[PDB]
Amino acid sequence: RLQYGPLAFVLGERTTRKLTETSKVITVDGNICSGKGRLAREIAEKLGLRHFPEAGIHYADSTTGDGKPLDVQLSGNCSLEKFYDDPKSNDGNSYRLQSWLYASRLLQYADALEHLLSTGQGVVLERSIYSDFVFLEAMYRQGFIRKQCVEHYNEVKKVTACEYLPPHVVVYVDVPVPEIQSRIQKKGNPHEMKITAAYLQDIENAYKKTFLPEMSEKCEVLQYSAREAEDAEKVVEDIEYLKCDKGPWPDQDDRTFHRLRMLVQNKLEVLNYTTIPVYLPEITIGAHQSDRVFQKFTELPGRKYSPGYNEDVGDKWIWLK
Amino acid sequence: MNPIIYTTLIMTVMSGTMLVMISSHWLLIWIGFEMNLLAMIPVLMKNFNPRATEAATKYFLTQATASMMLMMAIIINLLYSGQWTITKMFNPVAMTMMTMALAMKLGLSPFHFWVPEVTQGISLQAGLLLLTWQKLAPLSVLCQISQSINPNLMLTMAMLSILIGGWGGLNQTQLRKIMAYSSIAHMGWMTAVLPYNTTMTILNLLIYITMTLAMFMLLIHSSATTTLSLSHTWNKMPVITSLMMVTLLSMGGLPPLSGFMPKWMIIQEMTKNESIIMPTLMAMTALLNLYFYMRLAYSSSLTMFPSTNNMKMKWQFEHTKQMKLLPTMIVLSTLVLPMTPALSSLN
Amino acid sequence: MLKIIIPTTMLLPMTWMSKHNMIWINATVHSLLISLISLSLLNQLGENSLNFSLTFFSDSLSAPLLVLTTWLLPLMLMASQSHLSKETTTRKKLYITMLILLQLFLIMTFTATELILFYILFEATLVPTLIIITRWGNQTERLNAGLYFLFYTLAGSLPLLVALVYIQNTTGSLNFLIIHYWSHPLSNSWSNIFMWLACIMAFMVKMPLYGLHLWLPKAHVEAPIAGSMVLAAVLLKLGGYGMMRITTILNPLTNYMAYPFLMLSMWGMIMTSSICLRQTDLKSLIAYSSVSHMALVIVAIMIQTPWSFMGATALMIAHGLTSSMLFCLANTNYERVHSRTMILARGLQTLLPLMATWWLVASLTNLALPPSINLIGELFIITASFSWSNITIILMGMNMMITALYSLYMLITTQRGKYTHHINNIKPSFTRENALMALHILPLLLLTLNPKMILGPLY
Amino acid sequence: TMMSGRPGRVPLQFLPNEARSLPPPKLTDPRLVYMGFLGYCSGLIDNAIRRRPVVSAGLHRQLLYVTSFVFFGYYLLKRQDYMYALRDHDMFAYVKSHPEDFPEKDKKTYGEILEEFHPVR
Amino acid sequence: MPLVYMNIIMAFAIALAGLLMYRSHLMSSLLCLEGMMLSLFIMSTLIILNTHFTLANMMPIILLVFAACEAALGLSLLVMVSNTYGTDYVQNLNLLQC
Amino acid sequence: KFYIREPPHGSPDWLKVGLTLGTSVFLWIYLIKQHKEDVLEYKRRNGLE
Ligand SMILES: CCCCCCCCCCCCCCCCCC(=O)OC[C@H](COP(=O)([O-])OCC(O)COP(=O)([O-])OC[C@@H](COC(=O)CCCCCCCCCCCCCCCCC)OC(=O)CCCCCCCCCCCCCCCCC)OC(=O)CCCCCCCCCCCCCCCCC
Ligand SMILES: CCCCCCCCCCCCCCCCC[C@@H](O)O[C@H](CO[C@H](O)CCCCCCCCCCCCCCC)COP(=O)(O)OCC[N+](C)(C)C
Ligand SMILES: CCCCCCCCCCCCCCCCCC(=O)OC[C@H](COP(=O)(O)OCCN)OC(=O)CCCCCCCCCCCCCCCCC
Ligand SMILES: Nc1ncnc2c1ncn2[C@@H]1O[C@H](COP(=O)(O)OP(=O)(O)O)[C@@H](O)[C@H]1O
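In the order they appear, the protein sequences are chains AK, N2, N4, CB, 4L and CA. The numbering of the first sequence is the entry's author numbering, which starts it at 37 and goes up by one. The numbering of the second sequence is the entry's author numbering, which starts it at 1 and goes up by one. The numbering of the third sequence is the entry's author numbering, which starts it at 1 and goes up by one. The numbering of the fourth sequence is the entry's author numbering, which starts it at 2 and goes up by one. The numbering of the fifth sequence is the entry's author numbering, which starts it at 1 and goes up by one. The numbering of the sixth sequence is the entry's author numbering, which starts it at 28 and goes up by one.
Mixed in with the good hints, there may be bad ones.
[To be verified] One side of the interface only, derived from the structure: several residues of chain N2 facing chain 4L at Cβ under 10 Å:
1. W30
2. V115
3. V118
[Stated by the list, open to error] Now the in silico label distances, taken between C-beta atoms and shown as ranges:
4. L46 (chain CA) / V314 (chain AK): 45 to 53 Å
5. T54 (chain 4L) / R50 (chain AK): 26 to 34 Å
6. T97 (chain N4) / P39 (chain CA): 55 to 63 Å
7. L206 (chain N2) / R50 (chain AK): 41 to 49 Å
8. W41 (chain CA) / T97 (chain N4): 33 to 41 Å
These are computed hints drawn from the structure, not numbers from a lab. C-beta: ideal position from N, C-alpha, C; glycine also.
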């Protein structure tokens, strides 16, 4: 043992034995600038679950090396502020941002599943890979991205998200678009103040017409308004009194759980199909730029060698490690 | 598949091959072949998908036909001699049946199609085990029955294997199909030297196994199954591409790399027996194998193909699983030419 | 020979362990020291060779080639440090490693005492060269050039391997001394004809022979400066050395089998000089000049007289030095203007005086100007060919005239005339470039002073 | 199979008792040193693949690589030398026992041997 | 050799030709594969009974055992192919190419 | 502390280090003894010393 694998499995570590029937995956969803973050915080703290804030850019930075984020040129090469300012850029920033955000959400979902399977403690994600496509549809129907971008996104999403268990609970916070705009104006951030009304309507249409009907068949779906979402006590009470046996989690066994844990503990296999040789001009990076940026990344302080073997960050006994 | 079931199936495959290699009885040799095939099918079908199912179906059909022909040869040999011991076969018809059956098991031309088809169908681990072990066993049987092999038939099949491997590898783009055609060509070389020096056959087998293990494990490490997927490896782990380049150069037979030693020794041995046309043709035809190795090496290491944007996240993360004996295989497949006279120890 | 082999294998760890800014200094200094040490091999005997051990031996034919290789390494280092300024430290060290490996293989190739060890080493020299070309070349055609070079050489050399193992089975040994003492005449039969063809064709492709030479323009044009320097200076001399070695056992069949190769060499010498007359690319012009000179050397080896062998050796050394110098000069011009076209840059004599002097000296040596060793070798080959037949003088005279024509045409086009008006980035010549040209040219004149050191064993 | 099935051959025996009469390889053998070099190269490649400092990290692992390679190389050299000695022994015995097949020949000097001269001109 | 051995060998050859020439169904090929082992069983027992090789009488039973092991393997592969494609046709096994 | 997560190779596995050093030392001393025994047996069999 000493590391999960086939040896640990034949020794007898079993996920079903580890779980305590309170191990649930709960994902909170909503339109832009809703109370989903605070609702997720409340649910995670009341149920004793681990909270996962929405995976923006630099989530991979937060989970690797030191927690501090990296330069945007080295982590993402995309800008949400620039997307708000000039959505129809000529450098493909919109779809670069969308693909990077999908990869980050996939990585966060893998981390959450690994934590749940290795600990048995439930997790509350502020968004999942199953809700990421709504922003893609909003971009596409507004003309920000292209049909080729949509097709590449669909291919990667297929071959990646087909291998993971869906959330137990999907909590959707329904807020009207004018209220969304009023809250955005009150917040006062200029970049999100540049958001148009047609963009916000497309996200709501994608949630209502595709995501909620799709996830209603799998397991339980709970919808709340702003007032209902404000009172998190009733939401946690509703979660605690959910009866469901039609999900894939009951159908899972120890062998399937072993396979899933082996998949999710290996982050490079998680991201394996995120870099497929589909040469969209938006995401494709030339040989010279790739070489220069990779050289810079290796020149980063604790990135040249493996984590235990970086002398400049204060690792000793390297000659015996 | 449960880990215990997988390891017992692997143990059963190895037990079948060992039964083949230790048995002195034709019935026990056939039993070993049957046990190997029976335990090998689920290993192919481990990762369930229609391609794996089709590959396993084709593999089963081919190996079952070969086993039927081999048992027919055994019975015919028993009819004319009443002997069960595996020695020189006493009937030429039985010997021809046995030769064709073992060639079909090995994948020698014109019984080669199933090799690229199955290799493309199955995963990288399954292909590695297939190529290595399933070449290992029938070659042992052939070495035991070598003294009655029809040189004309054996050399015809070997030369066909070399030509077909070169041409198929020229056309292919998928890495698993490239490896399959490489295997076909190397089997051709081994069986070409087989009627003269079983020691040279064994030496070629060992060098080929080392090179194939190194190459397949590098492909598993980089998680590349196509040429373009391998073209992105320079941006994540550039050392793997350099090692793959030197291994590919070795597999093409370039001196002073390890892949030159089997070709050199086989040519020498064949020329000792007054064979010149066959060694010259065999040496010249390997240039096709070298061409598609070089074409694969241009994309992976010697040139920098465009990369994507999520390769940055891949940079941020580190490889977890450790390949067993990969550095040893890489060294043995490139730097053992000065240790050539150890083939006497192999004798 | 270990006192020269081991310091190269120590150049390897030193290069890999030195600091990021000391790699060029260390490599250059210790390469020069190794060259100085290898100068001691020129003290040869009049009777036999220097038999160091059972594995390595040195002769009057091997010694100058070894000295040329060891002297050529630091010049390649200087040119490489010119054009590889922005490379990473690991890739600089890999480049130096490829150069060091190539030098080690060449040294052991020239000093090998068995034909099979010679074959293994002279085929091992392909891998560093191919990697250098196809990895550090500038243009797109480097990949096709590497493929052409590799497959031409291997298609030539594989029948040589078969013939060598056959000869060992037949006679008992491939040791050069044994096969020289136990040589027997080769009867006129089809089997002997094809053995002769296998060996000779391997080395003729390596030479190259006219009609088997396209890989040479392809590879020399598209390789980096170090690759071009080593390809022309040394790697073309493996074919000549091999032919001067193997023809011991091919007599008397060489008297009858040399006609197609002699006719090909003479006519192709004329043809490649004429091609040089009408070349729009400077590197291609230099490459075809190399083809012409090596055709002359092939003629010398095939006629196979004591006066021709001395000429062959002298011409090989002289061509190595001259072609290396010409490639370096063309590369400096290319680094100025980032193009290989000959008529793009002109007036370089009024913009760069000392480089004009270097161009004049190199072009004068490229044509046979007395008393340079180029002329010594060419004159010996011409005299031996005249004793062979009396129309070879006609062909040689035509070749000399065209050689002078294209050499002076290249000089006049590049240097004289009026400067191109819009080319305003022609900075003054560097001390490094001037020192490189001086180190190319001064040893040639010293060899002219002492010519018995490069005339081979037949002297 | 030339030397397989040789009389008195114990199966599955890496080194028989009759090999103890040969000189063992010297520990400073060039072939043993090359085996050690291969082990060191394997250790360096292991460090490079695992992305540790190539020459610094894992000194114990590199030492184990070198030691294992030298151990197996020593035994391999012993077996190789024994097999070659066996081949020479068998060849000499056969030549001794078949004089009609390997007859001594009268040696003629080059003064008595006639060889054709082919001029080069 | 008597004509009986000729008939048995001819039957084996007919069954071998049947297997190598597919028509549409994979099941028919499996039936041809089972017939080959029946002919092998008959031939081996005819040879053994005639020479009174007493200890060899157990060989045909082992032959039958591995025969039905192969039949089991083929039936399992056939059910997987049928589940994937809807029919046991050999034309559907064409995803992989040479 | 620099890494947000403890690296798997944070501190040397002293069990593995001890096993590695012990295995190397055992193999070396065994090889020396084997070579000495081989030399003695060779000399005894050939009647040299
Ligand atoms: C040293 C001479 C060797 C001669 C040949 C012998 C056989 C090979 C040697 C054994 C293996 C060595 C290690 C291989 C991996 C190295 C990776 C690396 O970065 O290394 C840098 C490493 C130091 O860097 P670091 O800070 O640790 O980490 C930097 C990162 O790795 C930086 O990582 P990165 O991400 O920047 O890496 C990117 C780089 C990564 O590139 C590489 O990793 C290239 C090197 C590995 C490629 C495969 C190596 C050969 C494997 C066997 C194949 C056959 C070899 C023979 C082939 C002959 C025909 C060519 O990729 C590229 O640059 C791609 C573009 C180029 C691709 C095309 C060219 C490929 C050439 C392949 C053949 C090279 C053969 C010569 C060996 C060159 C390396 C030593 O330096 C060395 O390992 C130097 C060698 C060891 C020196 C030991 C000195 C001990 C003390 C003194 C002893 C004195 C003598 C003893 C007697 C006592 C006297 C008193
Ligand atoms: C009192 C009791 C004491 C007992 C002491 C032990 C006695 C020996 C026990 C051996 C181990 C037990 C059996 C386990 C398997 C044994 C395998 C090996 O020992 O057997 C030998 C086999 O040894 C190996 O063949 C030699 C291995 C050589 C490895 C290198 C190959 C050379 C490659 C060339 C380049 C080398 C590059 C450098 C390599 C690192 C000889 O067996 P043999 O019955 O006769 O083989 C029959 C088959 N033949 C006839 C066709 C050959
Ligand atoms: C006959 C045995 C064959 C090998 C069996 C074991 C194979 C699996 C183990 C090696 C896996 C790859 C190497 C890298 C391991 C990285 C993990 C690590 O830290 O390993 C530490 C380990 C030393 O730990 P330790 O448990 O002490 O090992 C000795 C046994 N007590 O350090 C190591 O393991 C590194 C050194 C391993 C030994 C040298 C490499 C193997 C080759 C030995 C010489 C034979 C060469 C020819 C091989 C083919 C022909 C037999
Ligand atoms: N797939 C996506 N594409 C583009 N922008 C996204 C995507 N996912 C999230 N975002 C941006 O990230 C931010 C998420 O925060 P938000 O949903 O507003 O909650 P809060 O109100 O707590 O900030 C929003 O500004 C949104 O525009």
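These are the hints, each one checked on the structure:
1. Against a cut-off of 10 Å between C-beta atoms, the interface hint on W30 (chain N2) holds, since the closest Cβ of chain 4L lies about 8 Å away.
2. Interface restraint check for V115 (chain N2): the shortest CB-CB distance to chain 4L comes to about 9 Å, inside 10 Å, so the restraint holds.
3. Annotation: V118 (chain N2) was flagged as interfacial toward chain 4L, and the flag holds, the nearest CB pair being 7 Å apart, inside 10 Å.
4. At roughly 48 Å, the beta carbons of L46 (chain CA) and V314 (chain AK) sit within the given window of 45 to 53 Å.
5. For the pair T54 (chain 4L) and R50 (chain AK), the supplied restraint of 26 to 34 Å is violated, since their beta-carbon distance comes to about 54 Å.
6. Under the hint 55 to 63 Å, the C-beta atoms of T97 (chain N4) and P39 (chain CA), about 32 Å apart, miss the expected range.
7. Range check, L206 (chain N2) to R50 (chain AK): Cβ separation about 42 Å, and the 41 to 49 Å hint holds.
8. Range check, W41 (chain CA) to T97 (chain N4): about 37 Å between beta-carbon atoms, so the 33 to 41 Å window is met.
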